[PDB]
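> So you can see what is in the structure, the chains are spelled out below.
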Amino acid sequence: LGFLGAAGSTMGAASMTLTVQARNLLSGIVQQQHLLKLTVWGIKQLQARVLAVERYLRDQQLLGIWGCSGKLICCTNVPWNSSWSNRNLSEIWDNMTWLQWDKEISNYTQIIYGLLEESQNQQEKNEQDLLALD
Amino acid sequence: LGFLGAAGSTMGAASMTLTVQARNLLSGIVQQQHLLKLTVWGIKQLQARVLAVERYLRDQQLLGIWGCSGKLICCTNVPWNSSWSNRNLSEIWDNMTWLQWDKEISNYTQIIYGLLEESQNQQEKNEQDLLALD
Amino acid sequence: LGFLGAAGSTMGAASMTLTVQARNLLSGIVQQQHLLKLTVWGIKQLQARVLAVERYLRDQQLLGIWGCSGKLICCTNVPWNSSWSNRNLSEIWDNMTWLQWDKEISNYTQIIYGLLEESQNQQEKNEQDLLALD
Amino acid sequence: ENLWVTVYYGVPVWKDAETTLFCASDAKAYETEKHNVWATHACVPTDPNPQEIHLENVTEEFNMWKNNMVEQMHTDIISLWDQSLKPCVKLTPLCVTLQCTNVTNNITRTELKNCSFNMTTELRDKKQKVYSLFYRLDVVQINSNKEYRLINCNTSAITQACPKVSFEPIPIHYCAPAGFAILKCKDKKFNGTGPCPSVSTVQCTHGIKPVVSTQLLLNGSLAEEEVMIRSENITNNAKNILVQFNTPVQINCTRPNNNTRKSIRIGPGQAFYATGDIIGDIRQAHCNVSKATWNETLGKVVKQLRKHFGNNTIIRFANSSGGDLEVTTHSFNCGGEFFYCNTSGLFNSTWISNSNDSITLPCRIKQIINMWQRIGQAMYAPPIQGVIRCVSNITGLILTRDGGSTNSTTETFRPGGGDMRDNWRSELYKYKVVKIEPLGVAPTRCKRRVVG
Amino acid sequence: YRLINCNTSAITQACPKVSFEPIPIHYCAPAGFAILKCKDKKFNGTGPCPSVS
Ligand SMILES: *[C@@H]1O[C@H](CO[C@@H]2O[C@@H](C)[C@@H](O)[C@@H](O)[C@@H]2O)[C@@H](O[C@@H]2O[C@H](CO)[C@@H](O[C@@H]3O[C@H](CO[C@H]4O[C@H](CO[C@H]5O[C@H](CO)[C@@H](O)[C@H](O)[C@@H]5O)[C@@H](O)[C@H](O)[C@@H]4O)[C@@H](O)[C@H](O[C@H]4O[C@H](CO)[C@@H](O)[C@H](O)[C@@H]4O[C@@H]4O[C@H](CO)[C@@H](O)[C@H](O)[C@H]4NC(C)=O)[C@@H]3O)[C@H](O)[C@H]2NC(C)=O)[C@H](O)[C@H]1NC(C)=O
Ligand SMILES: *[C@@H]1O[C@H](CO)[C@@H](O[C@@H]2O[C@H](CO)[C@@H](O[C@@H]3O[C@H](CO[C@H]4O[C@H](CO[C@H]5O[C@H](CO)[C@@H](O)[C@H](O)[C@@H]5O)[C@@H](O)[C@H](O)[C@@H]4O)[C@@H](O)[C@H](O[C@H]4O[C@H](CO)[C@@H](O)[C@H](O[C@H]5O[C@H](CO)[C@@H](O)[C@H](O)[C@@H]5O)[C@@H]4O)[C@@H]3O)[C@H](O)[C@H]2NC(C)=O)[C@H](O)[C@H]1NC(C)=O
Ligand SMILES: *[C@@H]1O[C@H](CO)[C@@H](O[C@@H]2O[C@H](CO)[C@@H](O[C@@H]3O[C@H](CO[C@H]4O[C@H](CO[C@H]5O[C@H](CO)[C@@H](O)[C@H](O)[C@@H]5O)[C@@H](O)[C@H](O[C@H]5O[C@H](CO)[C@@H](O)[C@H](O)[C@@H]5O)[C@@H]4O)[C@@H](O)[C@H](O[C@H]4O[C@H](CO)[C@@H](O)[C@H](O)[C@@H]4O)[C@@H]3O)[C@H](O)[C@H]2NC(C)=O)[C@H](O)[C@H]1NC(C)=O
Ligand SMILES: *[C@@H]1O[C@H](CO)[C@@H](O[C@@H]2O[C@H](CO)[C@@H](O[C@@H]3O[C@H](CO[C@H]4O[C@H](CO[C@H]5O[C@H](CO)[C@@H](O)[C@H](O)[C@@H]5O)[C@@H](O)[C@H](O)[C@@H]4O)[C@@H](O)[C@H](O[C@H]4O[C@H](CO)[C@@H](O)[C@H](O)[C@@H]4O)[C@@H]3O)[C@H](O)[C@H]2NC(C)=O)[C@H](O)[C@H]1NC(C)=O
Ligand SMILES: *[C@@H]1O[C@H](CO[C@@H]2O[C@@H](C)[C@@H](O)[C@@H](O)[C@@H]2O)[C@@H](O[C@@H]2O[C@H](CO)[C@@H](O[C@@H]3O[C@H](CO[C@H]4O[C@H](CO)[C@@H](O)[C@H](O)[C@@H]4O)[C@@H](O)[C@H](O)[C@@H]3O)[C@H](O)[C@H]2NC(C)=O)[C@H](O)[C@H]1NC(C)=O
Ligand SMILES: *[C@@H]1O[C@H](CO)[C@@H](O[C@@H]2O[C@H](CO)[C@@H](O[C@@H]3O[C@H](CO)[C@@H](O)[C@H](O)[C@@H]3O)[C@H](O)[C@H]2NC(C)=O)[C@H](O)[C@H]1NC(C)=O
Ligand SMILES: *[C@@H]1O[C@H](CO)[C@@H](O[C@@H]2O[C@H](CO)[C@@H](O[C@@H]3O[C@H](CO)[C@@H](O)[C@H](O)[C@@H]3O)[C@H](O)[C@H]2NC(C)=O)[C@H](O)[C@H]1NC(C)=O
Ligand SMILES: *[C@@H]1O[C@H](CO)[C@@H](O[C@@H]2O[C@H](CO)[C@@H](O[C@@H]3O[C@H](CO)[C@@H](O)[C@H](O)[C@@H]3O)[C@H](O)[C@H]2NC(C)=O)[C@H](O)[C@H]1NC(C)=O
Ligand SMILES: *[C@@H]1O[C@H](CO)[C@@H](O[C@@H]2O[C@H](CO)[C@@H](O[C@@H]3O[C@H](CO)[C@@H](O)[C@H](O)[C@@H]3O)[C@H](O)[C@H]2NC(C)=O)[C@H](O)[C@H]1NC(C)=O
Ligand SMILES: *[C@@H]1O[C@H](CO)[C@@H](O[C@@H]2O[C@H](CO)[C@@H](O)[C@H](O)[C@H]2NC(C)=O)[C@H](O)[C@H]1NC(C)=O
Ligand SMILES: *[C@@H]1O[C@H](CO)[C@@H](O)[C@H](O)[C@H]1NC(C)=O
Ligand SMILES: *[C@@H]1O[C@H](CO)[C@@H](O)[C@H](O)[C@H]1NC(C)=O
Ligand SMILES: *[C@@H]1O[C@H](CO)[C@@H](O)[C@H](O)[C@H]1NC(C)=O
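Residue numbers (the entry's author numbering), protein chains in the order written: chain B, 520 to 552, 564 to 664; chain B', 520 to 552, 564 to 664; chain B'', 520 to 552, 564 to 664; chain G, 32 to 139, 151 to 185, 187 to 306, 309 to 321, 321A, 322 to 398, 410 to 507; chain G', 191 to 243. A prime marks a further copy of an entry chain.
Just chain B, same shape as in the assembly:
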């Protein structure tokens, strides 16, 4: 459980400790640490540190437009379409690893993302027009 401890465990047990996975990835790699410094290792270190933040910030930009700036688990007001999966409540959470589930939505994973921005943020932050001051 020190890192990816529940990679093979159930999606429910993996959902119990998903903080750990998030903590190590951005921070990890110990990047922090003749006269030249133009060596082949330093240039592989810098670009490896650039995608470090540019893959982190690629994901953190998505949660910000979903109301999840500082939450590891948002429940979003987007209804689930039956075409994406036909399995019941306890059918997936007590049976599949997150690995199996990632390939089962990888086909229509982009369709979900586009709809998440519309109802949870594009409309929700607008619904306060009549409720902010009245």
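FYI, nobody ran anything at the bench for these hints, they're computed from the structure.
Using N, Cα and C, we set each Cβ at its ideal position, and we do this for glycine too.
Listed below are the simulated EDC-like cross-link pairs for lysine to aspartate or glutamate, each with C-alpha atoms no more than 16 Å apart in a straight line: (1) B':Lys601 with B:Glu648; (2) B'':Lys601 with B':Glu657; (3) B'':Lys601 with B':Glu648; (4) G:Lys229 with G:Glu267; (5) G:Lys502 with B'':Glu657.
Some chain B residues judged to face chain G by a derived CB distance under 10 Å, without partners named: (6) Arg542; (7) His564; (8) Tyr586; (9) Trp628.
Rough simulated footprint, nothing fancy, chain B' against chain B'', three-plus residues with beta-carbon under 8 Å: (10) 533-543; (11) 572-583; (12) 599-608.
For chain B, the structure is supplied; the task is to place chains B', B'', G and G' with the ligands on it using the hints.
Coordinates of chains B', B'', G and G' with the ligands only, in the frame set by chain B:
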């Protein structure tokens, strides 16, 4: 409306879809993709990717100290000063593009920013001293 | 008070203006600004700009998993252990600079961080399982 | 119905991909010796605490002959070799008509030449003659009094390696960047590449050293069981075969020649370090192998090849048929100078169907080299003044085809290490990096506030 | 005679249009760091400077 679709449209219509504009900018440019790699294109790629995140994070640092960590539209508790603009409610929102408005506050745009940090965060996060536990 | 104005002042007075300190650090350094550009200054500029964001984002990743995505001051639901400090309410806040306090918890500062992720986020975002929809 | 969708940041899913890595080595030599050709002058130091986590219930499919970690390793060492040789003395005014004669053998094997030439001195106006020595095959005849020629001047340039550069391989960890992880296989019998059931997610690899060897790998890693056999393709005899030793055979190589550093200033500052007169007799270089310990290793290999290769055919172990003297002999850099010990003596044994003597091998030394068939630029190896000994563990074997035998029986695998990338595969057969995706959506009745 | 350098090291003429006049070169700190300057006049040796900027 795929990107900047309402650049020339009203500030109200542009405010209806401002999610789109935000999504593409951080992600955009498809940065992700003899033996050397020290070419003139790679160095123009890396620095172009550095300002990508260092202009994004220059803006995202401002919304964080305004209570808007993960909201595209915050209504802030700072009163509007009449000296900044004399036009009525429906006078600007039904008449000006965001382009015109950006030059009309560009003079006193910094004065707004300094005041936004004080009342919405510097005082608000302090007002809980007597209300958090009591 | 333009920057670090209360470095030597009380922790309470320093807590009155901690916005300022936060604003300048990410933005600061004016990084934004023969035919080659491979000089010794440019390479010291780029890596100095990389740790700029990779030390900022090293800290901002911690506040996100603490419910503090866009707040400078969160009150966290983690109880304080007496072993960390024996001093009373007004004993530290009216007497010590933040400098003195940083060395007084630097021994057990990591123990606090690990516990902050568990009760404020690892359990709190889970407590909505029975309260989200019911 | 009435089910909502929910977002999860911190999910453990990944997809097979490869990106850039970096070096990791702790405090090794620094002051007592420095200017290493591999660890450069400074690399990212590894932490003494090993980053390891055992993964359970997971069975990710690795690949070794399609793994891109060996590809980045292959290309990293190449660009690293040239980076450590560019700022060193070039040897261009060393291509002049050489007039040599055989060494003093009491008017009676030869292998070396007491040669001379004239070069540039500190002043471009003046010239100077100096007598040095060279090795055979480093020179080939032109057309009385023998007049010779450096073999490289016919094809490519030449640049002498720096004298204070250490050519000893040290452990160089390859650790994954942020948002990625190197999966190592913990299953002992990892035949070929398939689904390894026992997986560990480690951030830094183990102490991997860049042993530049040929036919016979040295100082490799292994973790028990029968001597493992790995092949990209077992049915195709044409493909190469990597072999791993359940236990290493302690070998010793050395040259008995007692040489002397003869520095001669070419141009302003540069100095060409050549061989002087050899003091204290002349002898041939050799590598010893434990004869009793080798007969057990060739027996364990043929045993596990048996159930792999029909277990009915005849074993025919022969010398490396064909090839070049540098690609068929056990070529390796040791102690500064480059050895090429004669392999043909080891594989003479044939075993089929059911204080102590040690076999030795004749070896020669070469100073002109441009390894891995890189024809761009060659380098001269300064003779290391004094004594030389190698004494390394051998842990691997590289075996190649056995002709186009049409059915019938009778066949084995004679040694060939035609490719340098395969040498690094003996350490990276279990490693594969994956692109971690921390985003994962899943449905559950669950919604936030209605209006906000 | 003889150039003294040819005995030891190489030689490369400096470019004629290169200005060898020293100009003020500020050393400024990166982001997340700060250069503390002492304002105390009599800073004997190195100790605790009371007046810091
Ligand atoms: C590998 O190859 C290298 C290179 O050798 C190359 O070819 C040889 C022929 C020679 O020309 C080299 O210069 C050339 O680079 C070998 O290294 C050389 O080996 C040779 C082997 O013969 C050595 O030659 C001996 O040198 C003796 C000393 O001469 C040195 O100093 C000379 C000037 O000094 C003068 O004053 C000193 C005293 O202060 C006297 O001792 C010296 O004689 C001079 O008067 C200088 O010109 C030389 O180059 C050298 O630096 C010299 O005494 C020997 O000659 C004698 O004795 C020999 C037997 O030992 C005999 O065979 C010779 O015929 C000769 O007899 C007569 O001696 C008279 C003395 O005055 C002389 O006047 C006569 O002319 C001479 N008879 C005739 C005619 O020949 C040798 O000449 C040489 O020193 C080595 N290199 C150096 C340091 O220069 C190397 O050994 C080879 N490998 C191996 C391991 O074999
Ligand atoms: C596969 O793995 C194997 C593992 O064995 C690798 O094989 C060999 O493993 C050996 C393990 O000991 C390595 O041995 C080392 O050898 C170096 C040799 O450096 C000598 O020469 C240097 C340069 O020459 C100068 O000095 C000499 C006089 O020696 C002089 O004639 C020359 O003109 C010139 O001035 C010197 O800089 C260096 O000091 C040394 O003389 C050796 O340095 C290592 O030293 C250790 O062991 C020695 C002998 O027991 C011991 O004295 C050392 O003690 C301390 O003090 C000395 C003297 O001041 C100091 O130099 C040391 O730093 C210490 O402070 C020390 O314990 C060691 O013997 C070998 O390099 C390695 N490689 C070879 C050749 O095979 C194998 O390489 C791997 N795979 C393959 C095939 O690559
Ligand atoms: C790395 O090292 C290896 C070490 O093996 C080296 O391999 C050498 O390869 C070369 C070229 O390929 C070989 O070169 C020649 O081999 C000749 C073959 O022998 C003829 O004459 C035989 C009599 O020789 C006696 O010794 C041989 C062993 O060489 C032995 O088999 C014989 O029984 C006999 O005792 C003759 O018998 C033989 O054929 C008859 O007998 C055999 C065996 O019973 C039978 O099967 C046949 O049907 C037939 O009846 C054949 O006709 C050899 O003659 C030749 O030179 C020899 O004589 C000269 C002159 O005196 C010597 O100087 C020399 O040392 C030999 O004794 C030459 O050797 C060579 O044999 C291989 N191995 C060595 C070194 O012996 C690799 O090339 C090396 N790699 C590199 C980088 O070079
Ligand atoms: C490791 O890699 C190796 C790569 O070789 C894989 O090895 C496989 O080995 C088997 C051994 O039987 C091969 O089987 C045959 O290969 C033939 C190659 O085709 C050559 O000839 C073609 C035509 O040329 C002329 O001669 C042929 C001779 O049969 C005549 O039939 C023809 O009329 C012509 O006169 C060329 O077009 C081609 O380029 C080659 O030069 C195949 O021809 C042969 O096909 C037979 O079987 C087929 C499959 O059942 C069938 O569909 C055909 O009709 C025909 O009956 C047969 O495939 C494999 O080809 C070879 N693989 C590869 C990649 O070629 C090895 O499998 C792998 N590792 C493993 C899994 O162990
Ligand atoms: C994820 O989705 C992909 C592709 O689906 C696309 O993307 C989604 C989001 C939708 O927009 C779809 O409309 C898109 O098409 C699926 O890929 C399928 O993979 C299989 C296996 O590789 C493909 O099967 C092929 O079958 C060929 C033979 O056709 C036979 O049947 C036809 C029809 O009767 C007949 O005409 C023909 O004669 C044959 O009898 C075969 O040659 C080929 O090699 C291959 O096996 C299939 O075509 C792919 N999908 C489509 C519709 O193209 C993934 O399976 C899916 N995964 C999950 C988990 O859902
Ligand atoms: C560099 O070395 C070369 C040889 O590789 C020099 O060229 C000539 O080499 C011959 C070899 O015998 C020298 O021999 C001399 O010949 C003359 C006349 O035949 C004879 O009288 C001498 O006793 C001796 O045998 C010869 O000196 C040398 N030069 C000439 C003019 O032929 C070459 O000169 C050397 N340096 C350079 C490049 O100038
Ligand atoms: C490691 O061992 C496994 C078995 O546990 C090997 O997998 C099996 O290998 C055989 C022989 O290579 C395969 O049979 C052959 O398949 C080829 C096509 O690849 C076909 O052309 C031949 O006619 C024959 O059927 C077999 O399919 C394969 N898989 C299974 C499930 O048995 C594996 O090859 C060994 N090597 C590795 C991966 O290191
Ligand atoms: C490799 O060759 C060198 C150089 O010949 C050897 O070094 C020499 O070793 C001897 C051992 O006794 C040293 O001792 C004595 O020196 C005196 C005075 O010069 C001499 O008169 C004696 O005959 C004897 O040589 C000697 O000083 C030393 N160096 C020299 C200049 O010869 C070395 O021993 C040889 N191989 C190795 C590493 O053992
Ligand atoms: C600047 O002035 C201060 C005093 O305001 C100096 O501090 C004191 O310096 C003296 C002499 O260096 C120290 O006494 C000596 O200490 C050494 C060990 O460092 C010891 O071996 C001698 O026997 C002697 O006791 C004294 O301890 C030191 N500190 C204090 C509190 O008085 C300072 O050295 C001057 N130089 C600088 C820092 O520019
Ligand atoms: C070499 O082959 C023999 C027989 O061909 C092996 O003996 C066993 O033979 C039976 C029946 O043919 C097989 O079912 C067994 O699998 C064989 N043994 C095993 C464990 O493979 C003999 O074992 C083979 N060589 C060795 C020593 O493994
Ligand atoms: C189970 O799945 C069926 C469709 O296969 C669906 O109609 C049903 O509503 C699901 N069960 C629940 C708990 O709603
Ligand atoms: C020197 O060795 C070469 C090697 O080919 C040979 O051709 C030549 O005859 C030898 N000369 C003498 C006299 O030994
Ligand atoms: C290598 O040298 C060591 C020195 O102790 C010796 O024990 C060993 O037997 C040698 N091995 C061989 C066969 O070279």
